[PDB]
Amino acid sequence: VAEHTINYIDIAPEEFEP
Amino acid sequence: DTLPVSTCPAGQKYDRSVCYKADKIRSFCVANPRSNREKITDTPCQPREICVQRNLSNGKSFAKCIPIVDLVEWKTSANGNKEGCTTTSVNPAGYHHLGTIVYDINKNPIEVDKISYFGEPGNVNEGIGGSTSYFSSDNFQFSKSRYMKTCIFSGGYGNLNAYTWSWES
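For the record, the sequence lines run as chains C and A.
29 is the number of the first residue of the first sequence in the authors' numbering; add one for each residue after it.
58 is the number of the first residue of the second sequence in the authors' numbering; add one for each residue after it.
The following block holds chain C by itself, in its conformation from the complex:
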């Protein structure tokens, strides 16, 4: 098992990543 669990996934806004 992993030491940590991430529950938030970042996505760049469209205005920066078209």
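If you are wondering where the hints come from, they were derived from the structure by calculation, not from laboratory data.
Possibly wrong hints are sitting among the right ones.
[Claimed, not checked] Computed beta-carbon distance windows for the label pairs: (1) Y36(C) / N136(A): 30 to 36 Å; (2) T33(C) / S92(A): 46 to 52 Å; (3) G137(A) / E45(C): 39 to 45 Å.
[To be verified] Computed from the model, here is a short list of chain A residues facing chain C with C-beta under 7 Å: (4) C142; (5) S146; (6) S223.
[To be verified] A short list of chain A residues far from chain C (calculated; beta carbon distances all over 10 Å): (7) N93; (8) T98; (9) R105; (10) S134; (11) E168; (12) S173; (13) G179; (14) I185; (15) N218.
Every residue gets a Cβ at the ideal spot worked out from N, C-alpha and C, and that includes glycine.
Mind docking chain A on chain C? Use the hints.
Using the frame of chain C, we list chain A on its own:
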């Protein structure tokens, strides 16, 4: 939650953003032709956020602040020449990246000799980057049985402050 500033003077366009400090985004406008009048904008993070950085699908740097509670904060090995690691699941199951950025005690990004990612179980190579303050993994299929180990080899100073977050494009 804190985003870089995308607005630019007339005649200028937003080009990229970087973590200037652990708590300060810096955005860059560019003119055509390039000039020294180009607007550079520093945006402070809120005190509970940390600045994280990665390269977008177009190769441009992109920086923003994420609450530290929403990512993994860890220390690199006390001995700068010892590779140290941490392991992370990501919810929900699916294809995600990890990114990692490293800061020194003065909140400046610090280049490390190697950041490497291993899919687990199996120690599957999920990306190796070098001489860089930040680096992102391949797109990896996380699940209740699949997780990712991140390893930092500083090669210089130890006890550095690392931040590992998840992202998709």
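Structure-based check of each hint:
no. : hint                         : result
1   : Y36(C) / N136(A): 30 to 36 Å : holds, 31 Å
2   : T33(C) / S92(A): 46 to 52 Å  : holds, 48 Å
3   : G137(A) / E45(C): 39 to 45 Å : violated, 34 Å
4   : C142                         : violated, 9 Å
5   : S146                         : holds, 4 Å
6   : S223                         : holds, 5 Å
7   : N93                          : holds, 24 Å
8   : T98                          : holds, 14 Å
9   : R105                         : holds, 13 Å
10  : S134                         : holds, 15 Å
11  : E168                         : holds, 22 Å
12  : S173                         : holds, 17 Å
13  : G179                         : holds, 14 Å
14  : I185                         : holds, 20 Å
15  : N218                         : holds, 15 Å
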